[PDB]
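Before any questions on binding or motion, here is one chain by itself as structure tokens, the form deposited in one PDB entry.
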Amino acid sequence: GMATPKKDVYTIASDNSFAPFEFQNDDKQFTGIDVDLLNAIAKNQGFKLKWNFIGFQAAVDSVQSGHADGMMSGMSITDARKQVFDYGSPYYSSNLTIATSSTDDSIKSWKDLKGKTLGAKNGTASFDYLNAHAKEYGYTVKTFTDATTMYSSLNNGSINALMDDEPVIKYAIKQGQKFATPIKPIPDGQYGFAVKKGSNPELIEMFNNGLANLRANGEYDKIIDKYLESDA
């Protein structure tokens, strides 16, 4: 239904370092998909916000304790989370996807992964997927303990490709990396805006109504495209 504010300002908790969703620019101001998108949603609906960029764990606990009204933080919607949060309509799909070098034209479909070296960060959803499909597609998996070493290996040619959460890859491309995403991604759920279960229902109404308007009026795509290599 139509959303009416019941607070002069709503407090939103978020991560302090989760690019491209929320991160600091060179001027030390917070920015990102979540920041621009929720700000644009509130503005569309005539709500006011105050952001607390405190970290994922801290943001969860702040909403649960009533010290924040909502959480916008690259948050994967899960059944475990639904036990204690209510979510707005999902605002972005999460995918696991393959990054190649943009200079390498040899990988055009999944069948071209035959004989390739694929990187993944140890213990991640990308790692689990790659391990589970290595025999089928015929690649070999090389594991990394952190993100920097993995992306360095793709750039120096010691892996042919890697799998990661798609926003990380598409943001690196937007930043200037010579990567591409030439093949089909693997759906892996959705991102959601959350309030404590049973709390601030009008803030969820705001969210859903504002989001629908931004999807229809083009601003939603403009915001995503600012941060993620768009296909268009």
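We call the rigid core the largest set of C-alpha positions that still match within 1.5 Å between the two forms. Positions refer to the first chain, counted from 1. Compared with the form deposited in another entry:
- The rigid segments shift between the two forms, and of the options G55, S93, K114, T143 the one at their hinge is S93.
- A rotation of 54 degrees carries the smaller rigid part relative to the larger between the two forms, according to C-alpha superpositions.
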Contents of the next structure:
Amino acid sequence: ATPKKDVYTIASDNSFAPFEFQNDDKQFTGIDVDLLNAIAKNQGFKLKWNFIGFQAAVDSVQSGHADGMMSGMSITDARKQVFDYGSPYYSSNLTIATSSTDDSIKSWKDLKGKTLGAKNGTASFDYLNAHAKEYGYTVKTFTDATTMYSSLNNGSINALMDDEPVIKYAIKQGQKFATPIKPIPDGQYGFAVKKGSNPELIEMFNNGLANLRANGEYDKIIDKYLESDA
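Output the form deposited in another entry next; the form deposited in one PDB entry has already been displayed.
Lone chain follows.
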């Protein structure tokens, strides 16, 4: 894989722990950051990051600004119409979080009349929007998970949908969230470029990921955030 730019710009979410997030000491970090940086180093590519939000990253890549996005991004057939993806590097399901002070939601049937949050442009938004009439709830959209999570904590929304590993990590950090429903299978995460653009970034992502899966660096990066409980 041969670089064709002196630096490539990578857009990402501004709050999606453990994949990308500002830690308490105000440093951007996470699995996506460490993994893509390590892949680029393995392959001799140079990156610069813009932590701008999920939909903002989609928009930047689609407008020919960011060269790619690494943002806990689900691989879907619909997105393949406008993005090229690299090899899958993680897996996720969708789940609901409620406040753990509230026993009123025990199933999708108890969400009738409630207000649910989701982040702009995400798989969670797509799922909630598509099921809103079926289950009788309303949807409120957010551009930063910090604002969405704050709204669940302050009671201005009754529940939210987000990716399962992100909600699990939030609970591990101490968020007072409950998880009343069975997660919805939602495939894999991938690195993405605009369809037909920057093919060498996909080549080097795939080469680097295969190398780091095989040499143990991938697992070390996952462990850094998501330790074994055994």
